[PDB]
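S.K.: We have chain L; now place chains W, D and X onto it with these hints.
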Amino acid sequence: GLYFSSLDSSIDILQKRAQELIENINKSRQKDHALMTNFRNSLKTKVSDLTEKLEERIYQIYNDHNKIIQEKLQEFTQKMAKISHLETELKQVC
Amino acid sequence: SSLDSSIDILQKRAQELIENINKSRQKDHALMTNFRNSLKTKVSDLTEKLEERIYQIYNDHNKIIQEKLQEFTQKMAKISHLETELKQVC
Amino acid sequence: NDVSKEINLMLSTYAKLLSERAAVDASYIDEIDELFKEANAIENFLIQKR
Amino acid sequence: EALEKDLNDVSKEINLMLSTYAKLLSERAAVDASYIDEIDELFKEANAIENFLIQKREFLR
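Chains as they are written, first to last, in UniProt numbering: chain L, 57 to 150; chain W, 61 to 150; chain D, 58 to 107; chain X, 51 to 111.
For reference, chain L alone in the conformation it holds in the complex:
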């Protein structure tokens, strides 16, 4: 009567508490793999965007270093042209 029904009740609860706990594990590892993979693929795109910012700053160095040298040597050549011009002027008159 009372004894065998209250025992079947506690067992049926432990049946559900066992079934409910297994379902939560399958649902816990969902969020375990749905979040970490959303942080793994997230950190990959951030570090790659940090290097692309650095690789552009490095380009700014060599883009303006070549520009300064190309413009000075271009002026340096116009100077050596006007000097070789005047020396031949003095080698023919004298």
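Keep in mind that a hint or two might mislead.
[As the list claims (entries may be wrong)] Derived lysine-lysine pairs resembling DSSO-like cross-links, with alpha carbons at most 27 Å apart: (1) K109/L - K87/W; (2) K94/X - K138/L; (3) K135/W - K62/D; (4) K72/W - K94/X; (5) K73/X - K62/X; (6) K62/X - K73/D; (7) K73/X - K87/W; (8) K109/W - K87/W; (9) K87/W - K72/W; (10) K128/W - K83/L; (11) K83/L - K62/D; (12) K102/L - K123/L; (13) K147/L - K72/W; (14) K123/W - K73/D; (15) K62/D - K102/L; (16) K94/X - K106/X; (17) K138/L - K106/X; (18) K94/D - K147/W; (19) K106/X - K135/L; (20) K72/L - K87/L; (21) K138/L - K72/W; (22) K87/L - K102/L; (23) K73/X - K102/W; (24) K72/W - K106/X; (25) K102/L - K100/W.
Keep in mind the hints are simulated off the structure, nothing from the lab.
M.R.: Then chains W, D and X, alone, in the frame of chain L:
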């Protein structure tokens, strides 16, 4: 010919300087490619050693979870076994 | 050296994300023991009544 | 426990790696800075000879 000497050194050191700038820009490209090889083999070897440990940690837990739950069912079967033996005597 | 800062900071947060998720599974293992103790008391009741 | 000394050798690599790269560019910028100053020295030599020839042409002319 004194001016023909200094002007020669000026025009040649400009040719020697241009050939040296080409050497520096080729060395800079070598350093960057080696700075990419080092950071493409390092960061790669740090995602492997951080995935296998997470996998093995969950590997050890899944063994223990399947050990306690399987032992839990064995104890529940004995409870139902003893309960039926009590329903029969009564 | 600011890039080395953000890299090391994201690794420590990447480690806490694992230690927490490894502690959640440690809690569900504790809930299995709780069910394993409630079934223990029911057995001792049936044995001492038989 | 095991993830500590693996990661302790992670920060020690990158903080060493990027520190050498920081000193590398400080030297590569020095090489280009020596070449730029090499141009200005070559330009001063020419500007010196420039004023040496103009003041001699105007001496004759």
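S.K.: Look at each hint and say if it fits the structure.
M.R.: Hints and how they fare:
{"no.": "1", "hint": "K109/L - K87/W", "result": "holds, 22 Å"}
{"no.": "2", "hint": "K94/X - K138/L", "result": "holds, 14 Å"}
{"no.": "3", "hint": "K135/W - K62/D", "result": "violated, 54 Å"}
{"no.": "4", "hint": "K72/W - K94/X", "result": "holds, 15 Å"}
{"no.": "5", "hint": "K73/X - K62/X", "result": "holds, 17 Å"}
{"no.": "6", "hint": "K62/X - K73/D", "result": "holds, 19 Å"}
{"no.": "7", "hint": "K73/X - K87/W", "result": "holds, 15 Å"}
{"no.": "8", "hint": "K109/W - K87/W", "result": "violated, 33 Å"}
{"no.": "9", "hint": "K87/W - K72/W", "result": "holds, 23 Å"}
{"no.": "10", "hint": "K128/W - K83/L", "result": "holds, 19 Å"}
{"no.": "11", "hint": "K83/L - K62/D", "result": "violated, 35 Å"}
{"no.": "12", "hint": "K102/L - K123/L", "result": "violated, 32 Å"}
{"no.": "13", "hint": "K147/L - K72/W", "result": "holds, 22 Å"}
{"no.": "14", "hint": "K123/W - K73/D", "result": "holds, 24 Å"}
{"no.": "15", "hint": "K62/D - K102/L", "result": "holds, 13 Å"}
{"no.": "16", "hint": "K94/X - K106/X", "result": "holds, 18 Å"}
{"no.": "17", "hint": "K138/L - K106/X", "result": "holds, 14 Å"}
{"no.": "18", "hint": "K94/D - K147/W", "result": "holds, 24 Å"}
{"no.": "19", "hint": "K106/X - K135/L", "result": "holds, 17 Å"}
{"no.": "20", "hint": "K72/L - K87/L", "result": "holds, 23 Å"}
{"no.": "21", "hint": "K138/L - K72/W", "result": "holds, 17 Å"}
{"no.": "22", "hint": "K87/L - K102/L", "result": "holds, 22 Å"}
{"no.": "23", "hint": "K73/X - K102/W", "result": "holds, 20 Å"}
{"no.": "24", "hint": "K72/W - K106/X", "result": "holds, 25 Å"}
{"no.": "25", "hint": "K102/L - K100/W", "result": "holds, 15 Å"}
Checked against the numbered hints listed earlier, the structure breaks hints 3, 8, 11 and 12; every other hint is satisfied.
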